[PDB]
Amino acid sequence: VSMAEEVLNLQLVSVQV
Amino acid sequence: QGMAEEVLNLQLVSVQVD
Amino acid sequence: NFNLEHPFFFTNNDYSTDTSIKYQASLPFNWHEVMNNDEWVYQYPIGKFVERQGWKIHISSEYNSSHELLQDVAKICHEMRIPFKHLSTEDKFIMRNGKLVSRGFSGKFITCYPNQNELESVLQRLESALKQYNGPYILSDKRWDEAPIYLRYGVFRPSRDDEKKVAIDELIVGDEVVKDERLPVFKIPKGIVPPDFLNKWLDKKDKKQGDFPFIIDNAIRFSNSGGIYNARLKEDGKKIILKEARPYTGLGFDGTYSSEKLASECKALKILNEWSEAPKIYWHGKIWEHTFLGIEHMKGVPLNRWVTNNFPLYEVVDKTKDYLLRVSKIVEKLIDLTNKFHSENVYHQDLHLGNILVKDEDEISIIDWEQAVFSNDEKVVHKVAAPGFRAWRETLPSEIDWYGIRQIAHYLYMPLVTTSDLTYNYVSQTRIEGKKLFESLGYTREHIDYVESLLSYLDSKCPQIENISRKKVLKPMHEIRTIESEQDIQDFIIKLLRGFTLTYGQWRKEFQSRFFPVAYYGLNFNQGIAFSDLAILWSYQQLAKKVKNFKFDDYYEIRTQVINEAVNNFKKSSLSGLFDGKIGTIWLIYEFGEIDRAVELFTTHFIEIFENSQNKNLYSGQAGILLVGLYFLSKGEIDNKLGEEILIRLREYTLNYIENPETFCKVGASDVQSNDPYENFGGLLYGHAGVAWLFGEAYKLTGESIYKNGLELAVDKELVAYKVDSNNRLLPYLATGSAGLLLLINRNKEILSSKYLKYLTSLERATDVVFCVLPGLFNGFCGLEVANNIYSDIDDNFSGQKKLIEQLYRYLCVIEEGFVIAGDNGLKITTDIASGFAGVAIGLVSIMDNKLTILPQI
Amino acid sequence: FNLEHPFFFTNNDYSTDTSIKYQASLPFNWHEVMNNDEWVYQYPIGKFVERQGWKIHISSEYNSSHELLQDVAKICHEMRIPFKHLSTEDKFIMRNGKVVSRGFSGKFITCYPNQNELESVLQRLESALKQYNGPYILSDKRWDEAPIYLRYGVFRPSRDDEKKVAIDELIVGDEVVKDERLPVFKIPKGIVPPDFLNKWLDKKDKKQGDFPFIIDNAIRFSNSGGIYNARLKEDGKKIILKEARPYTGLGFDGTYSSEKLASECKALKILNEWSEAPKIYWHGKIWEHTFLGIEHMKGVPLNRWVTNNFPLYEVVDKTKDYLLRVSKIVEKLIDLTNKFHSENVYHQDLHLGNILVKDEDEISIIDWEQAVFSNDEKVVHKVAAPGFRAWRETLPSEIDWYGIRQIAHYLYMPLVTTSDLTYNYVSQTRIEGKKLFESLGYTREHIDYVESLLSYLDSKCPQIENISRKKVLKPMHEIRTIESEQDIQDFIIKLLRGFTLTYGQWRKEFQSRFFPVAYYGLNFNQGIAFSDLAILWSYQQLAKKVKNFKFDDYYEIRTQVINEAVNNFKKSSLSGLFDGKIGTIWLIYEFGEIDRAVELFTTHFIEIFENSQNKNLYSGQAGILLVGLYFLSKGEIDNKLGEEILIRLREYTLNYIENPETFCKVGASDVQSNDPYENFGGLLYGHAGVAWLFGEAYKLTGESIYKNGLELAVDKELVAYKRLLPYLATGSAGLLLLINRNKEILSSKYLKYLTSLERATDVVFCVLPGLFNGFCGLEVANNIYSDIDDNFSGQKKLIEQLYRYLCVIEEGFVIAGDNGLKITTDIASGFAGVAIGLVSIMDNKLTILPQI
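Protein sequences appear in the order of chains A, B, C and D.
Residue 6 is where the first sequence starts when you use our numbering, and the numbers rise one by one after that.
Residue 878 is where the second sequence starts when you use our numbering, and the numbers rise one by one after that.
Residue 40 is where the third sequence starts when you use our numbering, and the numbers rise one by one after that.
Residue 4 is where the fourth sequence starts when you use our numbering, and the numbers rise one by one after that.
If we strip away everything but chain A, and leave its shape as in the complex, we get:
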């Protein structure tokens, strides 16, 4: 635990195949 990485990886948006 003890991390804020989950909220700061939750938007990247890529590929449409």
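For the record, the hints were derived by calculation from the structure and aren't laboratory data.
Built from N, CA and C at the ideal position, the CB exists for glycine as well.
Do not rely on the hints blindly, as some may be mistaken.
What the hints assert, rightly or not - Listed next, with one range per pair, are the computed distances between beta-carbon atoms:
#	chain 1	residue 1	chain 2	residue 2	range
1	A	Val18	D	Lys618	30 to 38 Å
2	A	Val6	D	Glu262	18 to 26 Å
3	D	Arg599	C	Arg636	19 to 27 Å
4	A	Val6	D	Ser225	24 to 32 Å
As the list claims (entries may be wrong) - Result set (BS3-like, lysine-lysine): computed pairs, CA atoms no more than 27 Å apart in a straight line:
#	chain 1	residue 1	chain 2	residue 2
5	D	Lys50	C	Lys590
6	D	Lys511	C	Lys131
7	C	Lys422	D	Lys24
8	C	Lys511	D	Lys24
9	D	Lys50	C	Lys534
10	D	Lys101	D	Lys269
Once you have looked at the hints, place chains B, C and D on chain A.
Frame of chain A; chains B, C and D shown alone:
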């Protein structure tokens, strides 16, 4: 038990206004 | 009922939310379910020919077995080819068996329509396949067999193209048509031979085994199963009032019939058989299938009649003051007896003016104990309540009676309890208002302190709860302040106008039909000066112009939008016989601005709205047209060619009025009240002093010899009704007379002789009442005060405000800074000319400049 | 949903809100004003609330929502901060669900304090709540332990003495920044935070046993998770994981997505010994969210398998061998369905995307989030695909069997999508697919095998009573051949009869429009695309082809549509041909009141020509030019009005000849919902409508100017000669329509391709039933200008193909609307969408567009 007139008198309106 | 009713404002018929469990059955092929007018669900077999005017079978059922009887009867009819229909939802089933439903249509649940050549294959199947049956008795037929099966000769589907003379519910035998007998007794119609297998059924007959030992004498209108009537016992000669409990009818929203309600009243009045009042049961018996409950009637009057007969309305009425000894005595007797019956765990749950009976020497009596519950350990919401005696947020059965006693004691203190269902804790208005009311009449300080102390003692018994009913914005006032200067008027005006963003936008956020809410009588009316969404904003215009503060919020787009919704309402009203014009709308456009279209509309629609009037009146006839018509020619807006015909009608109306005055002036001696009944002929708007107003304004315009004679005739046509009968109960108001004829005399005071002006001082004491019930200007309170000092020719405007506003503080509910008024039948908030905001807006704006913008003064 | 009305569509007028509401006690010197049906604002009276301050968003779960609302109200009433909250339970479910956007989540309580009384009210709120854990809003950081989140948001609108109102622009200095609702907490530019909040923005914590995931892509961010792949550091196989943020994602019942993924974990833990069996490689809760990664097998979803393996054309299916594959995969489905019915685990959601197929026709079942572990209740099917919803709260195992029955009937005939509308719709597919599988020439053994399989799956379906208010809709079982013209009139009188039924059903529930419309065009009430009078016009034309009317309501509607179709010119502002200003005038022209139509055409003609910002046949000047050309051919106007129309049409084509692209823009080739930059093929939205204009212009006048532009337009449409879009409006059948219209005009080189696109447009199946983007538009153009009497053969083709889309009501038929479900009648897909084809196929007129 078995009377049938309690429906057959219930239609009366008359007048009872004071 | 109350939960289906939209809170705050009134609502139209199109508010069926229908949040319940629907009634429906499974459809096979060769069949289809069609939807009727939101109450019935009709199913017919396709290809099968359905006839007209056949022997309809009606089936009734109770609440718990409703689903099983519906499914069984539907599965019987789907196997055959008999057309089929039934109720839509559960709420319509409750409404078809409620207490307020008409007894001509009660319990009709399934009305199947089988073939006229095959009934014996239908009726025995419906008898044998139903098994368990617990249905009520419809007031249609005579109970075919034992199962609730009823053979009414009614009407099927309407006539086809091959069958002429459709005559819905009118065809019986042949070419002639007799109306469908909606009498509750079964009656075979004139003609129609019965089938051979039904002639043996329609003989029946049975012998006698008793003759119900209580003789009914007279009666009044029923509700669903019993009614208000009087009877006499067979054994003793004492007067008895028994109640009729028809089985499986009179449901509330919960599954409670009237039979267990009268059983609860019986079990309450058996144990209550020694405490003087609340009489015991003389006879209780289940004869045939109905239930009867004989309770004797004591000599007394209801508390509403006692309030209206014993209250200081005038100085001459109730001499030597007193009245607080009587009020304190009857309230103390109420408290003592209420504490007496709160020992054996029995209560009332319905306190009302008609439930408390008083008699000679001020002895109370309590009746109508049908809602009593014998246990007090749960929290229940008040199910059925009088208009003004409803609880909030599931109070206990212990203090529902205490809340009712508190409300009736505040009615006895000062009678305005009727809006307590709208605003929570409304009695803080009546306490503070009645204190300064009784401080002005001259009642003694120790009696006022005694009644205030006992009233606070009941205020210590009401449960102070959190107010959660979507009415949290409606709060009472504890800032009852005197009027000292003009700032104390202008702050009242700016707050009263500032509340309209709230009370207008909240009507916008849920309703789109009208733009302003109205009363229940004037909800359908949307044009003219009686009930319109235009005259309210018109009155708002001069009330904003009469004060310095501008009250910005919303004036441009609404003032443009009212023209757009009113332009298509000049074409009658799309349904109008006599109110097609209601002219004076052009006067509102003249006050609004852009007179270039108002003159064109006045010249366009003036002639066709005159010949269509039949019942001659200012409102329902053509007499009120000429008052507005003379105004434009006095102002100089029309041509003399148009005005010559108007003056010709002015001259022609006087000769018809003075030739035969009894052509349309029928008042019927007694008071006409208002609204629809008793022909509404008291004076002015709803009466015949409007033509006296016509004669006054016409003679003020131009001088004619016949105008004064017709004016004196119209004055004497109301002056013969001089029945002041030692003051007043009666119907003084403004739109029914008294203040209106005072206004007529004070208008043209320089014209009439001294004989009419001599009557003015003796009717001034008649119209100087200290209390009225309604708050409007037509049939309310402020219509008196706007007419009292209107043409005094002296600067007493501040005295008029210091009278009117302080007397108006009793009808005011505040919306967070802004005040608002409940109208006629004051349970619902409203704003209109009749009883609401505009009834005091016109009063304020007329009393501060002496203009009276209801009607033109030239 | 439950609030979504059956039968027809509904944009927003049935917000019934039959649920427990949210409200708080109101003290004196306060207020409660109604906001836009979702919030109730409470503010103290005479207190100066400011603008552009620090808001606080308080979020909570469903169970303790009432208690937290009462606590926040009771701590906020005695002090002077304005306060607002949600209205009812249904709006709370809508704001905390799976379909709602992730930027607006958990918005329960938004108080509006001041700058000076800020630290006190935050510490008071933290010490007051101190519990009731809830959702994490994707706007801020979680202050303290209670769900308290401080967003520098938007306040009350600007005062009259202040300027630059600028709603949701936040006005930092003189410049204003767009308040983007990004999921990451991003402080906007400028704005110095206060001193007591400066120590809160930098509370960074150290690292720990960090997750071995490399997230590469993101496809499906709905509200809480996503359908998105990742990379595993240890196992070389591809991993796809799900994200379960706590207390978000809800149905109408209080079931969060965390226990849904827990149910998927406890299902796929015991589903590990099977052939497909996507096992849980890692399960655990990190920080506060819950993650769950499962293995992904190589394959394609069943949409792509059906659209790639089905005999649409006569050349794509070689040596048959398709029903054997269908029988193999249905047998595998039956065996694997009976496989997991022993250990008391079920699916409760059978979808096309939930069935994965690979090489050698091996099935694979995924998406087990709605599994159940007990079969002894009668719960209702809560969440379902559009076409796979059970009825009347039946047993979970036979809900799975109903899904298997519907997917097998999709595999037999791909028309499942309206089975939510008409109960037992699969009988239509079972009847109809046999008549074409005996027409393609498939083997009787395979056809009898798949029919025996479909009869076997019907034995395990719960044939029950139909109580869903859709007892009006029933399937057909009298689908017979067509061998006489009497078949045509007693079919078409049924199609006439079926229209007043749904008209009365629509008017008994709505009062806004007169006829139902599809969603795409529910608000549209003009033109010959989505209106209320074009359908009645097609009704009148098709009733004129029958010897008797037998219409209950036909006169007052006729006299009412003229009154309600003349005030839209002063209200609407959308021009063109379809849903345009002149389309209604064209409708009034073939309606009666010819003088009124000519007066309206002479009145509103110049203002609608320069008001078009596009030049398409859908919404552009080409439609106005077409209607004016038709009026010039009819002779209803004068030469003074008709002179400048040709001059303005010449300016439309001289730049078109020199510059053929102009408004062609990018080369898109898709349609989907037909808003975003269409495939521009064919008519309507297509690039080839100017060819129809040039053909109708050279029919009337004649010169070499229009012919060169006509051939250039045909060549510009001809660059798409290569597909899976043979439709009428947006597709290749419009080119066949143009060439059949102008066969004598175009040369033999251009007529050489007429025999080429015929085999392209001779498909035996289309999904939608309409004429714009359905099946009927192909068949109405297949014999539109044959110059021969094969009208009865055209009817015997089109109606026998149209039997698969019919649902019977009374003694009449009616067309299922767009996307299969939610029945409607318009020109796109409805009664009119077959009625125009029926009235056009036997008259060779094509009453959509004239022949000069």
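Structure-based check of all given hints:
1. A hinted range of 30 to 38 Å for the beta carbons of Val18/A and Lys618/D is consistent with their spacing of about 35 Å.
2. Under the hint 18 to 26 Å, the C-beta atoms of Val6/A and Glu262/D, about 21 Å apart, fit the expected range.
3. Between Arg599/D and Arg636/C the Cβ separation comes to about 26 Å, which falls inside the hinted range of 19 to 27 Å.
4. Distance hint check: the CB atoms of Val6/A and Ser225/D are about 25 Å apart, consistent with the given range 24 to 32 Å.
5. With a CA separation close to 19 Å, the supplied pair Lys50/D and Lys590/C stays within the 27 Å bound.
6. Between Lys511/D and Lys131/C the CA atoms are separated by roughly 17 Å; this keeps the pair inside 27 Å, and the hint holds.
7. Pair hint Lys422/C plus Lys24/D holds up; C-alpha atoms about 21 Å apart against a cutoff of 27 Å.
8. With a C-alpha separation of about 14 Å, the suggested pair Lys511/C and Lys24/D falls inside the 27 Å cut-off, and the hint holds.
9. Our distance criterion of 27 Å between C-alpha atoms is met by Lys50/D and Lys534/C, whose separation comes to about 17 Å.
10. This hinted pair checks out: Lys101/D and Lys269/D have alpha carbons roughly 22 Å apart, not beyond 27 Å.
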